[PDB]
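Starting from the known structure of chain A, fit chain B with the ligands onto it as the hints suggest.
There are 2 protein chains.
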Amino acid sequence: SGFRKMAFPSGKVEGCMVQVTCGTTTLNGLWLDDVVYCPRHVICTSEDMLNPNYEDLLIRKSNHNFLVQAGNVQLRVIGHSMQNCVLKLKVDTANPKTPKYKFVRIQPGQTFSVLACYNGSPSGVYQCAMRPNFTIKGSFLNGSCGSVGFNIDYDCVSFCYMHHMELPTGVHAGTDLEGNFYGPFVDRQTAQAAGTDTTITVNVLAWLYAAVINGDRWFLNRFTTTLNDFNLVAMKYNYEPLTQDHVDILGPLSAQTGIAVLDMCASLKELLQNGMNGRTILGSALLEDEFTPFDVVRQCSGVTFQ
Amino acid sequence: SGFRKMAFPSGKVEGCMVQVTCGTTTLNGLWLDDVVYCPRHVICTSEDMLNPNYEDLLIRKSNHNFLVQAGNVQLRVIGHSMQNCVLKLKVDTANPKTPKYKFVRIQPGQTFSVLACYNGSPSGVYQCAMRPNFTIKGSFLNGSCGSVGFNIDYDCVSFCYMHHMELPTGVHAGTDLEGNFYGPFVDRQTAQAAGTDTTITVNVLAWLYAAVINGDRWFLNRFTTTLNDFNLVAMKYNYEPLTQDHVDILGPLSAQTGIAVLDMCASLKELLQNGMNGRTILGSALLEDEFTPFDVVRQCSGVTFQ
Ligand SMILES: *[C@](O)(C(=O)NC1CC1)[C@H](CCCC)NC(=O)[C@@H]1[C@@H]2[C@H](CN1C(=O)[C@@H](NC(=O)NC1(CS(=O)(=O)C(C)(C)C)CCCCC1)C(C)(C)C)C2(C)C
Ligand SMILES: *[C@](O)(C(=O)NC1CC1)[C@H](CCCC)NC(=O)[C@@H]1[C@@H]2[C@H](CN1C(=O)[C@@H](NC(=O)NC1(CS(=O)(=O)C(C)(C)C)CCCCC1)C(C)(C)C)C2(C)C
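For the protein sequence lines, the chains are A and B, in the order given.
Here the authors' numbering is used: the first sequence runs in plain steps of one and ends on residue 306.
Here the authors' numbering is used: the second sequence runs in plain steps of one and ends on residue 306.
These are computed hints drawn from the structure, not numbers from a lab.
Take the hints with a grain of salt, since some may be wrong.
It does not matter which identical chain is meant; a pair holds if it fits inside one copy or across any two.
Said to hold, decoys possible - Taking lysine-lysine and the DSS-like style, the derived pairs with C-alpha atoms no more than 30 Å apart in a straight line are: (1) 88 x 269; (2) 5 x 97; (3) 61 x 269; (4) 236 x 137; (5) 102 x 5; (6) 269 x 102; (7) 137 x 5; (8) 236 x 90; (9) 88 x 61; (10) 102 x 236; (11) 236 x 100; (12) 100 x 90; (13) 100 x 137; (14) 100 x 269; (15) 88 x 137; (16) 97 x 236; (17) 5 x 61; (18) 100 x 5.
With the rest of the complex left out, here is chain A:
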């Protein structure tokens, strides 16, 4: 038993991390085959971030301006190209540790593991979720740009995030591995609007099911609620609308615990209105929304990977 925030094993991603330097800016790059992916704003200076012209800046840059290192052994940049907000630094050596990689663009509510790197060296791994406002609550300092988020299907590493920048609130934003930002953000140092964050309801319900499997059962009621009456209670506390598809996704968890989704909704319908009086659920005093239904099945069935 037990329940903790689990990140995927980072072994297959550590071998793809390199150091990328352009002038005085040093950040991380993703070395897959003979291509090195990194944030395109590595070619900028201090006052270039304020209003950059990336086309004009890349043109004044040449191949010997990019310094790519993989540990002590180096790589020679052969051809630089731009794809949206990421830089394609092609090299003369193909990565022998290239795994079965995969480029995916995730939806708000899905979780992934982040391998935080500095100077091309892995520092730590942790799990987080893409918030409904297309930001992530991660842990990043200077030098962490280029760190990637990923999942493992089985042997297929699914890259889905690359860190770019930090918001004034303290959350973080980035792109997929094709250079397209998550959200309405642009890679420019200027104040931009960020949306209001909501609570992922289908994730809170999966977390409550995890609490039932582990023994926490006090939050449970005997009543039921509609699929519409619950949405009234949800949409006040800035919770996210619950659909019929979410009920079908929670099938496995509903069948193992013998508690219908609409029954667990009635338990959640009561918790949001009254509070918790000062109790705890799974060792937490707040409701957790960073566990997808699939994350709960992994921790309560032992799903392993390559």
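Same frame as chain A, now just chain B with the ligands:
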């Protein structure tokens, strides 16, 4: 910025996990050089748990009763020996991916990363701490026995834990890599006394320093205390006696934030007596004691490893 429970990169540990099978029992083993380490109760059946005689049980077993597989490769066992509560299976092939390993026995209050494994395959990594009662709050199912805990010291992997069994309270217990259990426990299915769990005070203080660096400063008061008055409040709510040694390690955190340790103790002093009042520090409504001051320095400075 940011702060999340962060685990060490598990790349160097994934290549050491193998599958050990003895009869019907299949669990995980640690492959370092030409030795495989696994819990000794792999030789037990279902009836042996109540009262196992490990000497008499091991004698009835031979080298060909132990089958070890590192994925698709079979490791033929040559010599089996028993050291405390772990079994050694010397195989004919040395692990070519043997990292720079190291066997350590951690103290209560220290943290480490756990690589939960099933059938010799890594399932995920998470961070936890050794509780003062020599238990850990982990996440383990059936087949997870043999999963190891570790720290990464630059280029040296420090193995410090191997999972063995689960307690009635939902917590877990195990041994070091020499076979010596953490705590008074013995590997036998029989009611066994566990100790009262206290809160690691030096970790809560370090966690409060992390909140100050990240922006959370509402809990800072204007009082101050010595080292003895705070211990009266701490020892009632089950915290560890705060010693002068704990004040000395928190230097880097106190020097960066400009807040003395005795100053943070007064702010903590009010936090135990008056509660928090539906408030959250670092996004948590409870006080966290699973972050050593070394962990906080790591996330707030950028320590990487090999
Ligand atoms: C990353 O590139 C890196 O690690 N580089 C190596 C050299 C150290 C670096 C690190 C981010 C902090 C964790 N990322 C950046 O420098 C990017 C790029 C420049 C500025 N930033 C960035 O993160 C800004 N944040 C920022 O610009 N946020 C906004 C504007 S704001 O934050 O509202 C304000 C007007 C500055 C107050 C822009 C985009 C949307 C969010 C708001 C800070 C360095 C100030 C944190 C690029 C080109 C965007
Ligand atoms: C591990 O061997 C494994 O993963 N095997 C693979 C093949 C399935 C397995 C993991 C189980 C839970 C994570 N570990 C065990 O089976 C050990 C060994 C037998 C029994 N257990 C075990 O964990 C017991 N727990 C237990 O016995 N705890 C106590 C006694 S008790 O819990 O108070 C009670 C009287 C049984 C209620 C003894 C040890 C100290 C704590 C108390 C359970 C399977 C019941 C969880 C060994 C040989 C100890």
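Each hint tested on the structure:
no.: 1; hint: 88 x 269; verdict: neither (49 Å within a copy, 54 Å between copies)
no.: 2; hint: 5 x 97; verdict: both (28 Å within a copy, 28 Å between copies)
no.: 3; hint: 61 x 269; verdict: neither (58 Å within a copy, 57 Å between copies)
no.: 4; hint: 236 x 137; verdict: within (23 Å within a copy, 35 Å between copies)
no.: 5; hint: 102 x 5; verdict: both (24 Å within a copy, 27 Å between copies)
no.: 6; hint: 269 x 102; verdict: neither (39 Å within a copy, 51 Å between copies)
no.: 7; hint: 137 x 5; verdict: both (14 Å within a copy, 12 Å between copies)
no.: 8; hint: 236 x 90; verdict: neither (50 Å within a copy, 62 Å between copies)
no.: 9; hint: 88 x 61; verdict: within (13 Å within a copy, 58 Å between copies)
no.: 10; hint: 102 x 236; verdict: neither (38 Å within a copy, 54 Å between copies)
no.: 11; hint: 236 x 100; verdict: neither (44 Å within a copy, 55 Å between copies)
no.: 12; hint: 100 x 90; verdict: within (19 Å within a copy, 33 Å between copies)
no.: 13; hint: 100 x 137; verdict: within (28 Å within a copy, 34 Å between copies)
no.: 14; hint: 100 x 269; verdict: neither (43 Å within a copy, 53 Å between copies)
no.: 15; hint: 88 x 137; verdict: within (27 Å within a copy, 43 Å between copies)
no.: 16; hint: 97 x 236; verdict: neither (49 Å within a copy, 54 Å between copies)
no.: 17; hint: 5 x 61; verdict: neither (43 Å within a copy, 39 Å between copies)
no.: 18; hint: 100 x 5; verdict: both (25 Å within a copy, 28 Å between copies)
Hint check: violations occur at hints 1, 3, 6, 8, 10, 11, 14, 16 and 17; the rest are consistent with the structure.
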